[PDB]
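Colleague: In case you want the letters, here they are:
There are 2 protein chains.
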Amino acid sequence: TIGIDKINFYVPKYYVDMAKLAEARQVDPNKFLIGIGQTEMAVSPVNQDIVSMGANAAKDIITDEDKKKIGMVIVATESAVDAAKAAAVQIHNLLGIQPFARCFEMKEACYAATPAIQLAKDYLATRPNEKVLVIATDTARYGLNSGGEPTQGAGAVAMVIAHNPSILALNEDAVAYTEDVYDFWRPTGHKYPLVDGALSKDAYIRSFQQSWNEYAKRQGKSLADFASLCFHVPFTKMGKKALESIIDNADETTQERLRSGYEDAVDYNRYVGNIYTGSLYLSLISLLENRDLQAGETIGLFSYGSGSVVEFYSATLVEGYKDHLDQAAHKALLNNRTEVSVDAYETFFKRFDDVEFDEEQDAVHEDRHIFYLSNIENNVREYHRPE
Amino acid sequence: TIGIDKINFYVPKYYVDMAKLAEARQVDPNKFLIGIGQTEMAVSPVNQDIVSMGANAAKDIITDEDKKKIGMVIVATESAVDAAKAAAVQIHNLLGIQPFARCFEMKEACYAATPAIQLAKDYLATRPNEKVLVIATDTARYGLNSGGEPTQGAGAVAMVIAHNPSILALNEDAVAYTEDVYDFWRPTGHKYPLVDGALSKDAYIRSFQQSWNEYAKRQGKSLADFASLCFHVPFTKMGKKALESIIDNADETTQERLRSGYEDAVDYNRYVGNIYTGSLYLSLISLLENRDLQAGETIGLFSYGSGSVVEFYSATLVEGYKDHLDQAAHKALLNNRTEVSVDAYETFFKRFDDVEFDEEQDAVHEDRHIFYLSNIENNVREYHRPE
Ligand SMILES: CC(=O)CC(=O)SCCNC(=O)CCNC(=O)[C@H](O)C(C)(C)COP(=O)(O)OP(=O)(O)OC[C@H]1O[C@@H](n2cnc3c(N)ncnc32)[C@@H](O)[C@@H]1OP(=O)(O)O
Ligand SMILES: CC(=O)CC(=O)SCCNC(=O)CCNC(=O)[C@H](O)C(C)(C)COP(=O)(O)OP(=O)(O)OC[C@H]1O[C@@H](n2cnc3c(N)ncnc32)[C@@H](O)[C@@H]1OP(=O)(O)O
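Taken in sequence, the protein lines are chains Z and P.
Numbered per the numbering used here, the first sequence spans residues 1 to 387.
Numbered per the numbering used here, the second sequence spans residues 1 to 387.
These are computed hints drawn from the structure, not numbers from a lab.
Take the hints with a grain of salt, since some may be wrong.
Put simply, identical chains are the same to the list, so a pair is met inside one copy or across any two.
Said to hold, decoys possible - Here are the simulated DSSO-like pairs of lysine-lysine, each with C-alpha atoms no more than 30 Å apart in a straight line:
hint, residue 1, residue 2
1, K67, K221
2, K67, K217
3, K217, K69
4, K221, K68
5, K350, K191
6, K59, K241
7, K237, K221
8, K221, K240
9, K217, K68
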């Protein structure tokens, strides 16, 4: 088997309170907390871009041996800082991975970390001693006072894909569905997505149902065959609308289990917000750490990207996987953040658009142990390495 | 076996004469004709964007059956029109390929068409009835009077990867080499590449040597094993400088053959200019079509992207490949263009930058048999389809 061997995330060290953002925006707090299903929104300091967050997610799981064995670094992003130079190259450099490796970005809105991991697995079929690093890294920034704003977030997920993986085998059953639609897109020149709010909800649910139905059909499986489903999470309620749309005809045991998995799966996302390519895979971590699935059980995964493309595949838990997740570490990482007011979040938002550094506001002296964007000079990003 | 089953390229219907550009820039024509090695530069009308060019390279080579069999559509480009929505979705739609297909872009300067086809190969290992469509599509635009100007070009190359390929079997010997360098890049916000002209000649050549050296070591091979070599062509001279840096330690015979190969390999490129992701594969078409390689012989391929990643793999010519190329159509395509003056080319240049339509300047009436960009409305690009 080949699958997810190691996996970790990172989010920036600040968040804003969703109840507070709501007061600021003239809406009932419960519209965000219950209606949208989000409790705290990640806030980007200028000193984290996609590369640092990316390196940060990666640095704890890659050992000196991985550096030697990794044959591709693949970055999944719709928040690119270059039109030509792949983020994969800088991250590859920051992590000191061996030179004989393909580095590149993949792009298809929030979908791309899926083709990255699936194709890492196909890559490794005939290269058994090698490994692949796939990083999802993104900043969902819709604009201040926008329709999208409540669902904003930022972070990254790192997966090391390998033979005989310690966490999840990726099964050979992925099926993909593409349908050209204008739910969401960001033409060059645009800081913020164009978004058709209602259409995107429809597009998502259609994409899921087309993918699921076809998957069920090719594999002869049904919902009863899954311990849990895991969904791309633009906001926790979205995955729920989509699940409820296909589970009406499942029996009661299956509904109780899949609904409940779902709750476990969106536990982290609630405190972070949408992270585009990483959202699914963040929800995967949340699931694995908050639920107690047994080795041998099967997870159904739904990956969506605006525009649109969706995919459903399954993955099977490996024995002892619990030993390869860091629940306490991911809880420390969310709890240890610092709340900022709505005014402070807005300052941050405006600084981030223009990349206006301020070492005192980003409080960079705190970041001695992480990678961070320290400066731009002659149009080249400079990074601080972990001390 | 798995490799390139079908391949075709498209360039826009206008070129400018390189001797005439030289006079407008006040250098001796021969600095472009021999020094850089380029004779005609492609001129992009507004009506030809990366999606229409892409669809044009592909439309002549996919049958109704292909449409049912294609399981992924991958676009390699550093000239993307959207930060989120992949051009692959748009092309998938124009060409009416069946909906159960992964569509996504890959990005790494001029390199991305290589990982696109190599991962398509790996994708197909266990899927004997599927095909993959890979489209390289780019506009190399450095700016009026920039150092890069003479090496501008625009086009696309399209490749159907499949089992039992008609043309080339892709070997199991690729090795890539990543080195983080600032030779060429384009931060978001820049319409033109930031380039360090001299560094990039060095980084190119260094990348080729590293990759070539590692390949030889791993595969126990030398240049004498190769019927011909084929390189990423940013200008015909660059590939000749990279080649000459490694064949000095080779018997007169390997030297004569490889240098001659090179020359067939760059015939077409001479009349188009740089096409980033498509340059190596354009050059591949020109080699298969101008030279008389025998079934069974072996081509050694070098692929390069700024920033930088490079790669060396091999490919073997299939019995009957000649019955599967379109030499006359490709000669026709090049010969059927209309020369524009330098003023005209500059007008086309500024029009492209701003996407200013003009049906008469682009002579769209002429384009009844091809895809072209007819309009942008509510931020959505509209396409004319082949009548
Ligand atoms: C970007 C992507 O990643 C794209 C995708 O995945 S596609 C699917 C996801 N779409 C997106 O995230 C696109 C961007 N998002 C948006 O446009 C918006 O932020 C949004 C559509 C998610 C929110 O829209 P909105 O107009 O602020 O809220 P609205 O759609 O009115 O409803 C939100 C919820 O509030 C709830 N409700 C309203 N007031 C409430 C209150 N006071 N208490 C409790 N619930 C309340 C519900 O009415 C509603 O949920 P239901 O569907 O269960 O009725
Ligand atoms: C974008 C990418 O795809 C990046 C890469 O692949 S790395 C590959 C190279 N980089 C690029 O293609 C992009 C950048 N392009 C450029 O910077 C430039 O257009 C360029 C470096 C190609 C040429 O710039 P330039 O100032 O015209 O360079 P220049 O010094 O004139 O070199 C051109 C040649 O003119 C020749 N020479 C000068 N006058 C001549 C004349 N009258 N007759 C014949 N030869 C002449 C040669 O001297 C010189 O090359 P040699 O090394 O063969 O002598």
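Colleague: Have a look at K67 and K221 and pick one of within, between, both or neither, based on CA distance no larger than 30 Å.
Modeller: So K67 and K221 pass the 30 Å test across copies only (27 Å; inside, 39 Å).
Colleague: Measure nothing new, just compare the shortest in-copy and cross-copy C-alpha distances for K237 and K221 to 30 Å and report within, between, both or neither.
Modeller: within (26 Å within a copy, 57 Å between copies)
Colleague: 30 Å Cα cut-off: does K221 pair with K240 within a copy, between copies, both or neither?
Modeller: within (21 Å within a copy, 57 Å between copies)
Colleague: Since the copies are identical, ignore which copy is meant and state whether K221 and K68 lie within 30 Å (CA to CA) inside a copy, between copies, both or neither.
Modeller: Result: close only across copies, 24 Å inter versus 40 Å intra.
Colleague: If the cutoff is 30 Å on CA atoms, where do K67 and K217 land: within, between, both or neither? Let me know, please.
Modeller: Classified as between: cross-chain Cα gap 21 Å, same-chain 41 Å, threshold 30 Å.
Colleague: How would you label the pair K59, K241 (within, between, both, or neither) given a Cα cut-off of 30 Å?
Modeller: neither (35 Å within a copy, 39 Å between copies)
Colleague: Could you figure out if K217 and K68 sit no more than 30 Å apart (CA to CA) within one copy, between two copies, both or neither?
Modeller: Classified as between; 17 Å across copies, 41 Å inside a copy.
Colleague: How would you label the pair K217, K69 (within, between, both, or neither) given a Cα cut-off of 30 Å?
Modeller: For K217 and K69, only the inter-copy Cα distance (18 Å) is at most 30 Å; the intra-copy one is 38 Å.
Colleague: How do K350 and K191 come out at 30 Å by Cα distance, when the copy is not named: within, between, both, or neither?
Modeller: both (12 Å within a copy, 23 Å between copies)
Consistency with the previously given hints fails for number 6 only.
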